[PDB]
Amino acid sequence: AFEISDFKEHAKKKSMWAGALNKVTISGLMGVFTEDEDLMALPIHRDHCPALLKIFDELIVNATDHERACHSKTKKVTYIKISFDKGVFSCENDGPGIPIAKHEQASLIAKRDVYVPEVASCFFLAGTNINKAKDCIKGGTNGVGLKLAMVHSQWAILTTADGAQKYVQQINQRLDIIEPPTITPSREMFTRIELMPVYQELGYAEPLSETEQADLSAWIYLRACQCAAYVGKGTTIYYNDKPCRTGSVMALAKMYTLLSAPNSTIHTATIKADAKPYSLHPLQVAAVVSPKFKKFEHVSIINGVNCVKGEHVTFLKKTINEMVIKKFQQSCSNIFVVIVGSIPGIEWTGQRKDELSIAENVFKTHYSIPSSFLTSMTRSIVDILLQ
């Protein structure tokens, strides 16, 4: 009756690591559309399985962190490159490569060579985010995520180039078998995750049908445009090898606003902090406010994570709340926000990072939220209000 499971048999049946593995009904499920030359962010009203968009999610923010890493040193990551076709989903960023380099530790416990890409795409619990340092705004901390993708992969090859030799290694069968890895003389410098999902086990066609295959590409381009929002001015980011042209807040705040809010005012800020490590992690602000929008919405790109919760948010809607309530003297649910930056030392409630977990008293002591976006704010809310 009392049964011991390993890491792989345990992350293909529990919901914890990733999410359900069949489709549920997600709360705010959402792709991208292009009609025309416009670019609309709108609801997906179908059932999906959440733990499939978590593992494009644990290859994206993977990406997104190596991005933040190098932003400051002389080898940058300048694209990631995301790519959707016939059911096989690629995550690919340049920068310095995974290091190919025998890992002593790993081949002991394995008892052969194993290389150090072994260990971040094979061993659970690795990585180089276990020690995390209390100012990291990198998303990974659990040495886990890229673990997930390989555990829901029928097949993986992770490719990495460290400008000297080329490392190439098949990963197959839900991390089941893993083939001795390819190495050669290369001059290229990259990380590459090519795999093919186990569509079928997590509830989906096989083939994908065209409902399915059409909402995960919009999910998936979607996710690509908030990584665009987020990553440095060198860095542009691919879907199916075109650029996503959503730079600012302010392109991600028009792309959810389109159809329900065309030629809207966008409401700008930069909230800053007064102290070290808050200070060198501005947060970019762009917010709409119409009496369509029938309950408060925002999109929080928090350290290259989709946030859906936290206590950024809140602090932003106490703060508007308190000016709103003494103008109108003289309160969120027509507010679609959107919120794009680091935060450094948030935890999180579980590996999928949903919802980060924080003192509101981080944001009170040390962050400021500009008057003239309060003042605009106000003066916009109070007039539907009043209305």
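Just so we're on the same page, rigid core means the largest C-alpha set that superposes within 1.5 Å between forms. Residue numbers count along the first chain shown, from 1. What changes on going to the form deposited in another entry:
Residue showing a CA shift of 2 Å or more between the two forms (rigid core superposed; candidates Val340, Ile44, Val324, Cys70): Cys70.
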Contents of the next structure:
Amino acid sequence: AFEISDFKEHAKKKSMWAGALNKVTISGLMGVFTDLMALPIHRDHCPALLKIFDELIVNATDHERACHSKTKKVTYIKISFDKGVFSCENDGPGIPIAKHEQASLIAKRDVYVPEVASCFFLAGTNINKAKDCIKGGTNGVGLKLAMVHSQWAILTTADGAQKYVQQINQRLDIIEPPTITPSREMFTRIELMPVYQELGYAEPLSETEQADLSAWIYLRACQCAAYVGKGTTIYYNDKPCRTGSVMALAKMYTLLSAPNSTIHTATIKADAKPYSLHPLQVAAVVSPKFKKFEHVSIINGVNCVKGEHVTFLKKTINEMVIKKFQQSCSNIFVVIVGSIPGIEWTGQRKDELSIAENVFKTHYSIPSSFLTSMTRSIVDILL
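Please supply the corresponding structure for the form deposited in another entry (the preceding block corresponds to the form deposited in one PDB entry).
Left out here are the partners and the other molecules; the chain alone remains.
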């Protein structure tokens, strides 16, 4: 009756890794539709499926970030979705094409670094992460979840001297030996076909499933375009995602509900390292048409739905609004994008970040001009 599972079988059965493994109601689910307009998707979807995509996307946005290591130059992240096949490719240095001595002993066969990265659970370059490292990745798990939910997958990486191609098939059951050839290219690509039918979807995807998933991925790519460094262009199905600022994100999310609106902007800064290395970009819209407070937070490349950084903004605005009114956040839509050192995620899904609220009180300052303009707009509505 007491059973012992391995990681691979556990991940196919257990919602704890990536969320539910069939379709459920995902409150707040959005996608982008073509001007770009973010719109709700009021149909049930599988959280673990969307997480396949997210794990690959955050791995790509992580790559340009140095954590006490040599700088890496990434000029593109290319995301593709067609005929059910999903791929994500970025340049910058490839995953090292070299034998991993420890994994080879554990496996009793030659195992190269990219196979460790994609096939070994609890394995990666962030196992001993510094508290100030602002990569989203931390557990050495996410890429393996993508593989375990794929009927077939191909990892291709090149390092400027060699290219490494490896098939990882049947939900990680069948790892084929890699093919290594000479090459002058340099990139990392993951291409896969999710187990759609096992996750509740039609085989092949229905028209509506395809449209919803494409819209979700496109919006995730647009979020990345605002987060990544100035040198990186994001593409979705070869089209550049032209949402490189928090203002552009705010406009896309409010185009239906409050077109031609004022966008209040702020760069929230800190004086002391490590916080001073990481300004937070903010854009907000205030409208009486908004039914409840909403934020979109892209923190360390992750779409965060809950965290004390939001509360810091809301409480600071509220204090001012109460004062000005006496002479409060339900009319606000706010976008917050940037890196925060020292946060801890509450699960592999990275839905919620955890931190002492006093980090923001001690270290960060919200510009008075933004607070004053937000307060004026909110009070006008209240009155």
